[PDB]
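Just the one chain here, laid out as structure tokens, in the form solved without the ligand.
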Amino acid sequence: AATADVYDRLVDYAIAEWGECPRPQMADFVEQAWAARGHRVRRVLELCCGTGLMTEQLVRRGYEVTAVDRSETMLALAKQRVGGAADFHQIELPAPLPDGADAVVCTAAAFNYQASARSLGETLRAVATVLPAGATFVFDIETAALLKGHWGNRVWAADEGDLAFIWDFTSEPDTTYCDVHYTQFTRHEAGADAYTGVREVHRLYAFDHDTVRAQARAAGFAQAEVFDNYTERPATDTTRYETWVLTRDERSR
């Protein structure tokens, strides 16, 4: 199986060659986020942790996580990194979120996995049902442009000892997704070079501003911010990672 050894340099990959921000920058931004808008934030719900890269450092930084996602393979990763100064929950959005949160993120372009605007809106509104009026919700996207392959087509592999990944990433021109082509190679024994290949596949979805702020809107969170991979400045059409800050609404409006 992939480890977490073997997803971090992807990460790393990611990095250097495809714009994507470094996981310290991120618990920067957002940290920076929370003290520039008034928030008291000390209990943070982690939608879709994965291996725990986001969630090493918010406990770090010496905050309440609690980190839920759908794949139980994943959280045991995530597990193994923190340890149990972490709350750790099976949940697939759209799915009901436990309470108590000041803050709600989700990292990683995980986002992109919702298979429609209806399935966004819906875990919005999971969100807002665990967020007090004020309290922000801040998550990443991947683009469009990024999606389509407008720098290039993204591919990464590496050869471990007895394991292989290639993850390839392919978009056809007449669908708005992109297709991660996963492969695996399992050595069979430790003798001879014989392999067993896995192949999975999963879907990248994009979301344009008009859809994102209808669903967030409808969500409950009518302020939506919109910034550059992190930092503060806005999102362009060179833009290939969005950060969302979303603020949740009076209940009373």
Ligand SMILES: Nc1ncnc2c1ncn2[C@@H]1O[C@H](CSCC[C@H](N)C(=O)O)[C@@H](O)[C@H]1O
Given for the second form:
Protein chains: 2
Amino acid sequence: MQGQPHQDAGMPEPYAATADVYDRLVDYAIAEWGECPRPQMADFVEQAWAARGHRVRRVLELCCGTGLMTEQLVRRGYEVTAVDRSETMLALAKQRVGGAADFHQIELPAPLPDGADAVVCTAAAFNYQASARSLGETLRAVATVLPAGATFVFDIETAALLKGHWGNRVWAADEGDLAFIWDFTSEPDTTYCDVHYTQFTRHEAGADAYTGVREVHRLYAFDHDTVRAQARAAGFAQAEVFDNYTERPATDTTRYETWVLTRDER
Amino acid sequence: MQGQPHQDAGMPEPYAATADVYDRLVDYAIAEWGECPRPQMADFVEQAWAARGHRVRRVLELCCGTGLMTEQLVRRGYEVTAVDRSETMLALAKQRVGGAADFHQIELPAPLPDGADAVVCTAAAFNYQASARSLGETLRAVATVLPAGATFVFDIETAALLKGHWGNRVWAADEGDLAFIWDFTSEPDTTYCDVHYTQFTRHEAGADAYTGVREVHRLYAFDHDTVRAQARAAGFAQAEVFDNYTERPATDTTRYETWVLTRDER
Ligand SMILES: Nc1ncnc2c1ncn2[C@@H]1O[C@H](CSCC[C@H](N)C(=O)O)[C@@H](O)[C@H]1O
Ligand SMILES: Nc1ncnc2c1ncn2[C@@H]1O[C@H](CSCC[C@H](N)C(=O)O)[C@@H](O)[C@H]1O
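Given the form solved without the ligand, corresponding form deposited with the ligand bound:
To see the whole picture, the full complex is given below, headed by that same chain.
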């Protein structure tokens, strides 16, 4: 996976070993750090479409993961195409949604399936973009399949958090059947934070045996000037930034920034 | 163990399951949180004795643990008596020091061996005292064996930390062969913090099997007025408080307070 630490043989790529705990860790993130529940994310994007008079029918979802946002869009009656680089994540998305969405294994940046009325990318997937250059190339791929005036909504963890909050701190929990640790490290003059994730899964209740699994996730911070510059060059001169899928403009307490990009029109 | 959470059958008392990782966790605490290395603790207590003209020969050490402070005192030529409630901790202290100190298994408060010229209690052992009442009873036991003008030096984690720092936060580390989590919880109107400690010990390098162990430690906060009141009632009207085994008076950044109590004289 481009942009992730070079590591030994048999070391998992992000989500290659942890896909089967992802939904549980999302429930934890919602309860602990303020990650937005998917129904609210879907309410927000629908409100954004309605406020522009967009008769959105076809939605392209990037980095769909296990399909938590995909299922909201499918339930609401959209014709959903959903893409992700991870075969383990996609297998869970297919279990959740079945044939009600069209799934593709694609590593961004790469050409995207044509025909959408709107594009979404939820839950900080864009923090895996390896560079401002790659981010711009991914935004170009989106612009290619969106008509003038159409919208792309995505969220990222705010740049300071990957350097000054989580920054170099540690979080963990012991839930008995599973214990997990996130150890964040960010070197002085880099734009990224390495998250060393470790988990221990109990073999059986009432016994003390566990299996340990580790994954390293490199997360890149993008400041507002970089997002705006790459968006403009990609064909989204208009970009706005909100606080975590609410209509409140982003402020200094925002942890998850929701960017609403509008495709250039005439 | 009085003052510790009532828990199920087969749940370890403090240090009953973790004595064999204690020295390693002290090395971690020294590196991570600023716990004072034992040679410096010993330098500080010796400087305090010299500043009073005390020809200290016999030292009583309370809550000696695995003997890290005991070994400093023995090396420096003192005649050391050392006591602790924990058979697992004392077995490690005897491995370290052998017959060069006189060890007793005693749970404080209780009568102490007579004859000391000075008493010490290092590394926050007094935060296990179950109440201000118990603390006072332990101080009385010390006063009983100390002559007029003699000193008792002990340290405690500062009251605010057990309510406002560690307070309700989490710390953890994954070191490969051992991973550990401290999960601190402190209810609104209590004077104590429960530390849920969990560790996972690797069976062998190059394999993913671990064994999990948990211990719960209830730590009590004592404010300055309480320490001073119980010390006075016990026969130590003079009490002074320093920052972590330096000659600097305690301040608002002090995490480990070093109390120097002087036995009443005429
Ligand atoms: N360059 C890239 N191309 C495609 N998928 C990517 C990617 N970088 C990261 N991902 C995917 O981004 C996801 C991040 S987790 C977010 C999942 C989902 N959007 C949700 O709302 O829960 C993972 O499934 C990961 O495999
Ligand atoms: N009431 C009590 N009576 C005796 N020992 C006690 C006690 N409460 C706690 N302890 C002991 O206090 C120790 C705390 S760890 C500190 C060990 C040592 N003084 C050092 O400098 O490293 C443990 O060994 C524990 O068993």
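Just so we're on the same page, rigid core means the largest C-alpha set that superposes within 1.5 Å between forms. Positions refer to the first chain, counted from 1.
> Kindly specify the one residue in 209, 70, 187, 42 whose Cα moves by 2 Å or more between the two forms, with superposition done on the rigid core.
Spelled out, the residue whose C-alpha shifts by 2 Å or more is 187.
> Comparing between the two forms on the rigid core: C-alpha of residue 156 shifted by 2 Å or more?
It does shift by 2 Å or more.
> Using a superposition on the rigid core, decide whether the Cα position of residue 91 changes by 2 angstroms or more between the two forms.
False for residue 91: its C-alpha shift is below 2 Å.
> Taking 2 Å as the cut-off, check whether the CA of residue 122 shifts that much or more between the two forms after a rigid core fit.
No; that C-alpha moves by less than 2 Å between the two forms.
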